[PDB]
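The chain below stands alone and is given in structure tokens; this is the form deposited in one PDB entry.
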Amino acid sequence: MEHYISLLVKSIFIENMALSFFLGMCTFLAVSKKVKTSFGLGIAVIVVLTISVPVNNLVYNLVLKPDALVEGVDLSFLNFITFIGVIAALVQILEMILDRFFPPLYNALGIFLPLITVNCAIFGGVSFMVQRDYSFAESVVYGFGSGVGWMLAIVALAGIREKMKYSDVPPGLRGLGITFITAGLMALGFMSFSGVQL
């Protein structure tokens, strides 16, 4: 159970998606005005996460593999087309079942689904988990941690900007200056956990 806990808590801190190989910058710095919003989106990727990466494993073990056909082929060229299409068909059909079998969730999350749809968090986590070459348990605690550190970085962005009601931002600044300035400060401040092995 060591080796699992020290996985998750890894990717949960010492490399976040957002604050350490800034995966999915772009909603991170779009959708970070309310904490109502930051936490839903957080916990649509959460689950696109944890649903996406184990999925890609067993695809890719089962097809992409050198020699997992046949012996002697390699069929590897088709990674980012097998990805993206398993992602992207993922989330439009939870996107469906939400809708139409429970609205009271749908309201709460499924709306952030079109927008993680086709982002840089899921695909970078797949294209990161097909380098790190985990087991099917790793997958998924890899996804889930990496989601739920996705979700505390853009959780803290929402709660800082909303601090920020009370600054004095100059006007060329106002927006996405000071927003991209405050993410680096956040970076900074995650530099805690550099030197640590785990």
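Numbering follows the first chain given and starts at 1. If you superpose the two forms and keep the largest set of C-alpha atoms that fall within 1.5 Å, you have the rigid core. Compared with the form deposited in another entry:
- When both forms sit on the same rigid core, the CA shifts between the two forms reach 2 angstroms or more only at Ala108 out of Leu78, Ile93, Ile84, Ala108.
Mind sharing the form deposited in another entry? What's above is the form deposited in one PDB entry.
Lone chain follows.
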């Protein structure tokens, strides 16, 4: 029970998805104006990530693994299409299950809840799970840790961009340019955990 807490702490801090692997930057730098919208999108990404990683681990360890169906046949070229299919189907049925109720969370995200399918955090999490060869419980804890780390990074950037209402930025750097430089300074600050052996 110390091992899974080690995995959670590592996947939140030492191997942050947004600011140590740099995945998801389009929504990370576009939806970062208000902290409440950032909070909602972080919770949505958490749910979709912790659902998508264990199901893809089941599909991989049952079918796509070398010598899993018939000995002598390995089907590890359908990895990408399988992963993106499961992620797209989970996002669609989850947005229907959501959109039944929840005008709180519906139309707060709005256009970007269809756009968390084409979002490199989920595909990177699945591909890194496949690479590192996790079991099912380690897959669940890794997915939840990656989701909470991404939510932490995007809510931090939202808080910084809400503190920056006072600042005076040159006209060429209003918006996207100063957002790029702000994310760069954040990534510079997150290198404190760069050498930890966890």
